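Presented as structure tokens, the chain that follows is alone, the form deposited in one PDB entry.
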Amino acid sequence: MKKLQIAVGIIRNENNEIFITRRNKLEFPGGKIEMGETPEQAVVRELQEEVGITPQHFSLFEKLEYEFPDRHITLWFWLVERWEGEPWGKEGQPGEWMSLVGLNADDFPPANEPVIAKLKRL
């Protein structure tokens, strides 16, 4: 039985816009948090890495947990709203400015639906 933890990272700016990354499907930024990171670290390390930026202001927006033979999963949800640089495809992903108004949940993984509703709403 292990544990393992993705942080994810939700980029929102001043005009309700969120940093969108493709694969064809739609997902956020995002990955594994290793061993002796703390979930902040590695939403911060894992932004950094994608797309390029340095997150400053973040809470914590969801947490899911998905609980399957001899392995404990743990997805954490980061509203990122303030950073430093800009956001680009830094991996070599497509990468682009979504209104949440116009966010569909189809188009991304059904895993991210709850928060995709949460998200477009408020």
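Rigid core (definition): largest C-alpha set, two forms, superposition within 1.5 Å. Residue numbers count along the first chain shown, from 1. Compared with the form deposited in another entry:
When both forms sit on the same rigid core, the CA shifts between these two forms reach 2 angstroms or more only at 72 out of 72, 45, 32, 90.
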Contents of the next structure:
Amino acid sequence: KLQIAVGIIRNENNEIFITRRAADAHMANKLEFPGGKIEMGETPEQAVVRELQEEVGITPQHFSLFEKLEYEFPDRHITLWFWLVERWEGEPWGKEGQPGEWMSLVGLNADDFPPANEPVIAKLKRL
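Form deposited in another entry structure, per the form deposited in one PDB entry context:
Here we give the lone chain, stripped of any partners or molecules.
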């Protein structure tokens, strides 16, 4: 059972900053919204801020919870907190050496992301 906070970073051109997971990680090689595990003593709002600062070097500001869902993977159960981030300080980049780039929302392919993201990718194509 893991609680994961991730940020959907959208610019004014309806593009999202997406990174790719390592070949040796769970959901290897999949595209993803930057994020990570919510630690003990930390709230989901604080988690997404810390995770984005760590992973892509930006500080999320005035964000909202776009979606919260639970997904059962073959060996783990995770609760995902998808935060819509439209304002932030900094310029997103591959701060941890991971691949990262802007992707048009209309071009996103749910099959490229973990299956847990399916409903979120779909909903995004409408916001």
